[PDB]
Each structure stands twice: as structure tokens, then as C-alpha cells.
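We show some of the complex, not the whole, and keep each chain where it was.
So that you can tell them apart, the chains are marked A and B in the order they are listed, and the count of residues begins at 1 in each.
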Amino acid sequence: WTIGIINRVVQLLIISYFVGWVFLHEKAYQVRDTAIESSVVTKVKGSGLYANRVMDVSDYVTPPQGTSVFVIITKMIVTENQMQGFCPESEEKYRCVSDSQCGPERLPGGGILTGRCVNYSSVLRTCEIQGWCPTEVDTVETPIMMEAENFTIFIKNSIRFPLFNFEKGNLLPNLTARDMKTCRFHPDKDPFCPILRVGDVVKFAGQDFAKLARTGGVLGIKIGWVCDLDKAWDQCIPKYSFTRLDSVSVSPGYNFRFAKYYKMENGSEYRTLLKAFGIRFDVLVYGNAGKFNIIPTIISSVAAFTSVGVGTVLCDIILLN
Amino acid sequence: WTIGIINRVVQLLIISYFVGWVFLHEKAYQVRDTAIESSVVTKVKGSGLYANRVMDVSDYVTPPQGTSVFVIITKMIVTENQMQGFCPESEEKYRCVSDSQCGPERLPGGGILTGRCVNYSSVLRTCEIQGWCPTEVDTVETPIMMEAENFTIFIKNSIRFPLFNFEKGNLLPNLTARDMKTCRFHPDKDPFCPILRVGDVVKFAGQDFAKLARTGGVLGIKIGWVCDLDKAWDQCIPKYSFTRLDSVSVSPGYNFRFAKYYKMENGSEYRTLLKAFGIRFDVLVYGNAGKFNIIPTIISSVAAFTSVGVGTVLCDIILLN
């Protein structure tokens, strides 16, 4: 009967179209390179006021070289002119009543205890320690540098998909509405401008610059290079997204200590101890490109051939019911 | 004959079970994301004694920002109050008998030779050089900071599988036996506590803190995120492993030089030159997640269908022999 091949032809038309669109949708004919090879060069610009001092890029950006992880210091605590010696720790956790509870068995991971119980102040009595004196008082409140909200982060990114040796940069003058020197990234108006406003990044990440600058934090500028290397070079394009990575028992925020080391004409040494709070920026470059390949195209082919060949049989069985 | 289909049915039962368990074992129905996207924030805590000085996190940890690669300095060599000028190098490799073997052709990659053969000491005669004087004597023996064994490394890690957009952190309060503030990672008792004892990491890596602190070294804290994103969020879990990466013609260990730069009231410049030996820690985050996908499930399906269809034929041929 001729209707049998019009039923079979329809079987193949319909079934083969479902299978066809699915495999064509997932790019099953493409080999994929998910090991992007990226280089990130960052540049911060701006000047702020902290206390009655002005902070420039040499003062608040650390490290200075422009790596993929850098910190913009927004608030700090200074303990000036420390010197090696003996003094009573100011932390309440070091409370003592007598030298019998200032032995090495107490607070093993903390500072070096001399073994004497001394009077830090008239209201507290703490174990004495050997180290930089006086000790740090990290329980005071200090201001934050508000001008940092208007600083700009410039991200030059040069990536390469090695499986295909397809290397490209994220400086694209034609994709940007305004000139490179004056543009400013906006997810909608200018999504390819490499210059980001610090406050903007804080908003795209859903964060309040006040609380964030107060407690410090870790934000991620995510650069995604999802590319179809079957298409034009023009089509491999970076997409920027933003997220807070520290999120959240542990106290949120981000801070670290470093000192400025000075030496007296006498030769004695003394430092300024600095506890820094800021916003660490991690440039996270993901990417995966897909190029047509004979092997995945043959495997996907064989897969779709056999699957339709069985679907037509099963559909014949379902119809005859 | 009915036995022919009981032989064929057994063929399909047995053969299909082998193929089935194999493919089900390798998760052949799963697409895999092997391009994890991780952020690492580290925090070191502790205080040590070196010579008659106390070292805190601002003194022995470098860099300070808490990156994925940091160094805990255990032994150092100081050459204090250097100043630009001329002086005889102390390295024996620079031995000379006359100014005729102190020309630019000699030791091309070394320091800047003035061209004079001078008497460093009464027992050695070396080429004179222009640079920081006096020169460094890196052949002496110095102590090591033993308290560093009791320092703790706290690793906060926030990763994301971008192919699935599955982001998670390694701070898991319910997986830890004791509180976050006081726990301490143990591969068996508390394998999810993010706080590591430096000495412990040295042991998990099979290293002696004495020799390691003496020569310096490079250890790896490996965080592995092997996950089945078909299962619950609760099941994606990090696993910590440890290894020594410098291992091993070349002299083992790890050291680097940096200076503390001071300026005299006169305006002249002088530095303290420091050769630092310590333990560099590299946090190496690997991860790959697997999620069910239609394409790999169809390809694996077609693969198992055809393979059993041939195995039953071959087994029929083997039986009739």
C-alpha cells in the first residue's frame, strides 16, 4: 500500500525534525574548548580624602602592579610608632588575675606571652606580651574614604582559546558608543566599555558602598567569553557580570595588616601598623568556544540516525494499537 | 522454536546488563564542566620569635592581601645599612688575581664589575663591584622561626561552575564537628573545617618542618570540587589534599630577596637587604560537575543499543561453534 510510505515518510519528516532541531540547538557537531587562557591588566584612577589626608592610587591600591586581584583601601586603623619591647595586650580575651593564667598553655595560637599579669589600664588587667608596643586597639571606629565610589577600574583583557589558537582582546572601539578615554561601562548603554566606576560595580553586585566600605568585601568582575568560532571573529564577544564572593558564624568583610617600617637615626626600629579595610576585586575570566568538527558531527549523526530509526518503529507499534 | 527467544532474551538480559552498568557507572548521560571559577581568600594567624624579635602576620606573611599564593617567612638573612658605592664582592666565584680577569666578559649575568681586583679580606681577593655596599654574605647559618608550626591558615573559597551557574562556598557550618572559630581541619575528624594548622599541612604533605623551615619550600593545599549536580546542593562538597610542589641538579628550597628602604636626614639612601626563606602556600582549586543532558544521554543510548545488537549476534555465532 502506498499509504504505508506516506505514513513512514511522515514518520521520518516529523521525528527527524524533532531530533534535528535538538541536536542543531546544542551544537552537537562542535568540539568545545573550556580552558581559556587569559591575561588581565587593571588600572585604577581616583583620589580620595581620609582624615585630613589625600589618598592616591599609590596609597590605597594594593598590590600596585595591576593584577587580577587588587584591593582599594576604604578604611584603615593605624597604630603608629610601635617598637619591640614588653607591654600589656589590650584584648579583653587576654584577661588575667595572676601570672598563673598567663602561661604558654593559654591562647596557644596568639601572641608571645611573657608570663606576667600586668595592668593595661585601670579597668583591665591582661597578660603581658613581647612584641610591637604599644599593642593594637582594633575596637575603635574610624572613617571611610567616600571618594572611592567615584574611582574607575579599567580592565584590559587578552584571552586565547588554545585548542583553536583563537586569541582576542576586550578593547573593542567599534562596540563602544563613546571614545575609549571617556566611556563608562553600562550593562545596557555601553556593555563593552572596559572602564568601570567603582560605585557602579558595587551596585551591579547588589551591595551598599557604605556598609561595604565600612566592613570591606570581595567583589567579582566576571568576564565571559562564550564564542562560536564557526561564526565571524566579530562575534566572539566578552560579557561582564558582577557578584559578591564573600557573601554570608564568621564575621563578614575583608581586612589585612601591613606595616610601614622606619628606622631611627639611633638605629632603633619602629613601624606604623596598619589594619586595612577595602574592596578586593577579582577579575574572573571564563570562556568556552565551539568549532565544527568531523568527529562530533559523525558521532551526533550516527546518534540521530539510529534514534529516528527506532522512533519510527515504536510509533508504528503505537499507531497499530 | 521457543528456546531461540529464551536464548535471545537471556542474551539481551545478560549483555544489556553489562553495557548498562558500565555506562551508568561512567555517568555517560552527563555533560561535564571542568572549568571551575574559584575565588580564594586566606588569613594567617600567629606570632613567632626570631633572634630576640617577635614576628607577627605583618612581618612574616607576604603578600599581605591574602591571595592564593602567599609566603610564611621562617628564616631570613639580613645585610643592614647598605649604600651605593664601590666594594669587593664576597662571593668566591668572583676570585681574581689581577684587574685583567675582572672585565665585562667575566660573569656576564652577575653584578656590575668596576674592573679593579681588590682585597675583600686577607684570605680572598675578588673583583670590585658598584652597587649596594657592603655585599651580601649568604653563606652564614641563621635560626628559623619555630612558632610558625603553630600558625593557622584559614581558607575561604567561593567557586562556581559556569556551564551550570552553580556557585557554592567552602564555609559549611553543619559539616564541621565544632564551631568555625575553634575547629581545626583533620582529614578524618573534621575534613570540612577551613582552618589549617601550618604544621599539620606540613605533615599531610609528608615534610619535616625543620628541614622545610631551614631551606624553604612550596606546598600545595588542593581543594577539589567533584560534584554531581543531578544530586542535592548538599552533595557538592570540597575535598582537601596536600602535596609538596618543589619536590626534587637545582638546589631545593625557596627564597627571595626584598629590601626595606630608609633615607637619612642627610638625604642619602640606605636599605636593609633581606634574603627570605619560608613556606609558600599555593591554594589549587580543581573541580568538575556533571549534570544530566539529553544529547549525551541520546549518544550514549545509541551507543549501547547498537553495541548490544552486535554482541548478541557475535554470541550466537560463538555458541553455534
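The rule is simple: a contact is a pair of C-beta atoms (placed from the backbone, for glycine too) under 8 Å apart; a residue touches a chain by one contact, two chains touch by 3 or more.
Taken over the full complex in this file rather than the chains on view, the one protein sequence occurs as 3 copies, with 2 of them shown.
Operating definition for what follows: only the chains that are shown with their structure count from here on.
Centre-to-centre, using mean CA coordinates, chain A is 20 Å away from chain B. Residues 22-23, 26, 28, 34-36, 62-63, 69, 71, 84, 108-112, 130-132, 218, 220, 222, 224, 243, 245-250, 254, 256-259, 261-263, 265, 271, 273, 280, 282, 284, 286, 288, 299-300, 302-304, 306-307, 310 of chain A are the ones that touch chain B when the two sit in their complex. On the side of chain B, the complex with chain A involves touching residues 33-35, 37, 39, 41, 45-49, 53-54, 56-59, 63-67, 147, 150-152, 156, 158, 162-163, 167, 169, 171, 173, 179-181, 260, 262, 264-265, 272, 293-295, 298-299, 301-303, 305-306.
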